[PDB]
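Handing you a structure now.
Here the complex is missing one protein chain, while the rest keep their positions.
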Amino acid sequence: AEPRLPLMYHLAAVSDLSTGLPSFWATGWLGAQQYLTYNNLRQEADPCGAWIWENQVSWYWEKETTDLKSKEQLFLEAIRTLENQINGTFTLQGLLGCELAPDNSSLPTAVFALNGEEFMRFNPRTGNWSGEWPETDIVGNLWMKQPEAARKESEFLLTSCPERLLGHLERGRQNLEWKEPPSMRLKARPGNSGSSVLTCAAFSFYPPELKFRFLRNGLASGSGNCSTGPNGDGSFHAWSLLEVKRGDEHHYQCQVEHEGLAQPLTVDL
Amino acid sequence: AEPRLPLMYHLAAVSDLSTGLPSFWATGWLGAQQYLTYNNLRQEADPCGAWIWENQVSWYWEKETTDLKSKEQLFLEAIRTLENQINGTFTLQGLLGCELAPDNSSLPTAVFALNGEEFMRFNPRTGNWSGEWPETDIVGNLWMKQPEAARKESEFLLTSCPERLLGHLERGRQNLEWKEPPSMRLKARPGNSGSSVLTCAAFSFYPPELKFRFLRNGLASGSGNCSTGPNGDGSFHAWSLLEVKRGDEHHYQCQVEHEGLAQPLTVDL
Amino acid sequence: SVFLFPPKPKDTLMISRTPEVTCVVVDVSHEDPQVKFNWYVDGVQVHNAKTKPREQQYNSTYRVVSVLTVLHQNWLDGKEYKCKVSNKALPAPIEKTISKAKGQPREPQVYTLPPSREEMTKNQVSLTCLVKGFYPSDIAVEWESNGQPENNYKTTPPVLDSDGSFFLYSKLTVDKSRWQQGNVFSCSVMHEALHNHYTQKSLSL
Amino acid sequence: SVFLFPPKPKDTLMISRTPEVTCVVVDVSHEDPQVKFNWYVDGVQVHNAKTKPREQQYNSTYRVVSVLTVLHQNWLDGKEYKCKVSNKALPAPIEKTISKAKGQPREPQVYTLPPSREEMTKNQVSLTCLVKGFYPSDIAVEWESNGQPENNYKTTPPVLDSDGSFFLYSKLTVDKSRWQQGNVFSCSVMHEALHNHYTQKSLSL
Amino acid sequence: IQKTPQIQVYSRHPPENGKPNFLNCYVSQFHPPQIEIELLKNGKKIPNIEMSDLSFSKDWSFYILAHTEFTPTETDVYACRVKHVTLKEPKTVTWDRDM
Partner (left out) sequence: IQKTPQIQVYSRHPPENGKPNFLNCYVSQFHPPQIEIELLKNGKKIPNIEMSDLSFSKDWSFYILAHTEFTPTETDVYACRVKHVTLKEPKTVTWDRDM
């Protein structure tokens, strides 16, 4: 089983609702795949796509919904207090999760930001919050005002996270060990004065790790200016650009590496 | 008798004795003549020149010496306190005296200065000191610290002064009503490019009031740039300057008026 | 002439705020208004990096200002904010570098001082906060009533003490009654060498 | 460029002192050092009137200053102290008029503030004098111990309050022991609108 | 701390005119999270599109995926219009078939 691959949570809250955003919302991730979604308007933790066929214990989803309702409260409250002491509008975010140590225990993560900058951390092995700015005090003090908060935060991170991760590697093995290989295409178009641009594009693959190498007359030539993006259904899409001298195109090939392929795959114009 | 002619006192104290000055000294005046002198080193009030033949009551001079010893004290003390609170060196002065009203009573004067500027006054009919500067407080407060000071100051001014003045008009009539007429001389010398300067000079007269008028061909021509000064023995000396065109001198005469003369006196080059 | 100002300390401190490095040039001239602002951060040119020059028409000349917005993190980690003004009436690119201090910070001393008894003979009193022994001069003091902003305050400029530190006073004028009713007041000081760049000290009857 | 400064208020107030109107020009140049100072008082030219320019050799240029001494009386009665600088490299006689205020004076409020209790945890404390609501900004504060000068003080610049008045603070740092021994301290304020241009307020344990 | 978005348009399967596919606009690197996003056909808004859950990255900036079913033709222009505070006028980005 893919021992230890990260389980991570993304959390946010905002004061300005002029573009129709929820006041609080969260997403959860196993490595690169998102397995959960949640917002204050539905108050339910629902599985994402493929994760709905996973054999889980009868109480799996009820328990995720509970932990998330707790967080929602601590976040929405932090905003009102900030609104009271300082003029403006605010955006609050958090990053929380874990990864498995070889003996199977936890190595956690917990950080926070206010209006685009990191302003606070939380060490679960001590139960304390830290910072360096005036708003750290306002927020940290508000959260300390009920000791259980800190205690339940250390447990989510050092106990629940690793048990969830460990159950996912097993019950969700088919999902994690999938290698849908990429579908390839290579094309050329006009560039700047006297130049041409080649674009190697990769469709529908999983996992997201893929390597590009361009070849001029069968010899390694660089990897080009590359990028990746989500594909709307579980798989990914990527592309790399290379500038060549006009008239020079037919000398190049594109080659990619991927865990879903038995050996590299050479592509032709 | 010359009713009311002023009796006035000049008082001073200094911190710097590098030029051999006494710490305190005073001079007293009847109109324009000085009849008394006093300093802290002799501590005696002595008559000046002609005033030694005046028939006075047996206690006249002992009483002047007493009043002056009092003042000496108030003045020398004011300097030490100023020296204590402010760095520097100081010079303190006063002007005190009176003149007779027709019914024979007093119209007094009492003013003070510090380092060249007036900083305080004293109204004898109320017994109070006034000012407008930080050092007024330091000095005025120091002098109030013994109520009798104020009381003895109002008496010197409203009672003693007028009785002294009234005794002087009588016992010293020959001295006050003297009119030694001026001895005259008129001369010419070189001036600026193309000019000449005439100088009319008046020797040994009393009183100090004298009027100068220059005449060109028997006709009033101005009074010239005039000045007066003491003569070392009781009488005065004066002089007036007139600028004329070179070669024009013999047209001018000098004429003076004085209480010691039966009618104006015309002078020739 | 090209002046270059820092972000307000509060604005680099608070993630809820937005820090700006303002390059104020006064002149440029007519016939040559074409002042190409150049903005560099550490080494690198930032293009715009949301640089925003807005033209003003003053005196007998032009007053031109471009405002580079800064990442809180970068300025706190002290990058160099280099402003450069071009033109042709101008033989040389007028260069200007700012960053923060670089150090050695001294933590401010915040004591709050009640009105004098002689001042309770007035029916408006004054509340005083002494903030001393800080470095650099870059500080921000504010006042609150009970828990909320008081707009009624005057702060003196940081002035250098015998120490080689800076100090200031800030004077909250409240109503004699408003003090006498045992109402809580507070001065809230923000400086680099404070606990989270922030502290607060309370005045109560 | 010709700047013209007033006499120090203490020095026009105290007859024991001597007031001076200082005309500080910075430039003049070489080849044309020949700056004929011209000093006028009300209307009249004063020749010297004990005018005393003393040459300095600075920067890359000359720093020339002439000091006209003033009669206490005249300045208090507000005459115009007109400085004029000549030369030939200079197409026009650079004219400058000073005098005092002309008014409307506001009398300062002098309250003396003890150290805070939290500051008696330090073994040097601070003594504060608040001087408020004066006009013009032309003031002079000083401190004394028991009856004699304390050199250990720092005064803030007059800063304009909401009122349209000026205010300042002055901070005497003494030894905790020196305060605790019930020793008398005092701030001595000098401003035009005070009783004799002078006042004093005492701090004692 | 404000950050302008990065905008990238692309397709699911290798494109071919007249053949059913899915259009994808991936908007990322932005702050704040208040943003407007529409899919355009010949400069006019397409009705009823889908969107993924809004998320963010290790550097805190936000990211999300708008998408819908479409059939490419040789004449029809497809784009992605986005409004955000950092933008005085909205930004329109056109779909590039080699991507």
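In order of appearance the chains are A, B, C, D and E, and numbering begins at 1 in each one.
As a working rule, contacts are C-beta pairs under 8 Å (C-beta built on N, C-alpha and C of every residue); 3 or more make two chains touch, one makes a residue touch a chain.
The chain omitted from view is touched by exactly one of D:71, D:90, D:140 or D:159, namely D:71.
In the complete complex, the residue from B:31, B:116 or B:260 that touches the missing chain is B:116. Here one chain is not drawn; of D:15, D:98 or D:189, the residue touching it is D:15. Between the chain not shown and the residues B:12, B:149, B:150 or B:215, the one that touches is B:12. The chain not shown here touches chain B at positions 10, 12, 14, 16, 18-19, 21, 25, 27, 34, 37, 48, 91, 93, 95, 113, 115-118, 183, 185, 187, 189, 199, 201, 203-204, 227, 229-233, 237, 239. Contact between chain D and the unshown chain involves residues 15, 18-19, 50, 69, 71-73.
By our rule, only the chains that are shown with their structure count from here on.
Taking the mean of the C-alpha atoms as each chain's centre, chain B and chain E sit 106 Å apart. With centres taken as mean Cα positions, chain E sits 41 Å from chain C. The distance from the centre of chain C to the centre of chain D, each centre being the mean of the chain's C-alpha atoms, comes to 29 Å. Across the assembly, chain C contributes residues 15, 18, 71-73 that each touch 2 or more other chains. Residue positions of chain E touching 2 or more other chains: 1-2.
Interface note: chains touch in the pairs A-C, A-E, B-D, C-D, C-E.
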